[PDB]
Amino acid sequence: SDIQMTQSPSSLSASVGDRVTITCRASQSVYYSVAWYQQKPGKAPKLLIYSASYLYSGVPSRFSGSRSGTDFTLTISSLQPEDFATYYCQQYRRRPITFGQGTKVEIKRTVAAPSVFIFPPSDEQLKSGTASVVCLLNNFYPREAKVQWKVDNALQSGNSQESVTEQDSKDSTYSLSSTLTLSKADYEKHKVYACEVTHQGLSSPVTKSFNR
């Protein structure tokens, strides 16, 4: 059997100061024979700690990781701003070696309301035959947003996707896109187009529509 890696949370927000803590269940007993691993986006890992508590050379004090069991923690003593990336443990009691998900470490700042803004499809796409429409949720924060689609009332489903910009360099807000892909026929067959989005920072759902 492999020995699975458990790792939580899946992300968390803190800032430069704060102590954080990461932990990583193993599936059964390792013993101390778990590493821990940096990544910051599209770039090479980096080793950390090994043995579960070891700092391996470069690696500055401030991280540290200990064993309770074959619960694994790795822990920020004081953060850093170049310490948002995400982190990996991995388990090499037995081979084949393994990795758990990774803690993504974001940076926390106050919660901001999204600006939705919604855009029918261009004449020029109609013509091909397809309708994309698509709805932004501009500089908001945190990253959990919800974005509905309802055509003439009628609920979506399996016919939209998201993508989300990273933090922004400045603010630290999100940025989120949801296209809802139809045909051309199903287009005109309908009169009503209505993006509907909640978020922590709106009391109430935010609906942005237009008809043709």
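Numbering follows the first chain given and starts at 1. Compared with the form deposited in another entry:
For the relative rotation of rigid parts between the two forms, the listed residue sitting on a hinge is 105 (options: 140, 89, 105, 26).
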The other form holds:
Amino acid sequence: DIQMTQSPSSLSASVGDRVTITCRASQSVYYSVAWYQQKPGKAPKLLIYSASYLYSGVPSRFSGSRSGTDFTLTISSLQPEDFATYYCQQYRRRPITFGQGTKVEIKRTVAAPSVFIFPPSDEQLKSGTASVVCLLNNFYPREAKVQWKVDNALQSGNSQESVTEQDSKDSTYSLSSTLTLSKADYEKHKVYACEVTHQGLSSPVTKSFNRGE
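Show the form deposited in another entry, please, because up to now only the form deposited in one PDB entry has appeared in this conversation.
The following holds one chain only.
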């Protein structure tokens, strides 16, 4: 019945910057607060226990302090691999309860994406569907816009995209937009293009192909 209200939900900071995540407990927990780091696809690793003690093998740029019933985690010199979601937990009373989490992006310089476009394989069209893929490789920030134009007519409602997690080394994103059509509809048009707009692009970029070439 103890609640760990953790804030902020998200933050981003440049490599080298100090960062503080905070967790306030509904009632007295006293030191029985731990802090965890969870990297995408990985299991949480324990960083801080007893509110201020580092678990063995945790870089010393991590630390924690207690102030009454407020607890803060501090990454004193943020590093590219520190992109993760961070969690507080109390173990003063049971049941144990966790904070809602805090996602930490790394802020790096603007990098425009390099763009690629992939026509559907002859191997797929024989199944009745055409998937057209547009690839936005290694950019920052995460905000990018992908429009699909089939014979220069803007498309609506037939694309879906997914974005990688921030690279633990260069702190960039990669985005994948797929344009799904029926073979029949696909064979009705010639020019397929994705047009990308992003912060480090002066003018929009379009990568295209003609169907049978």
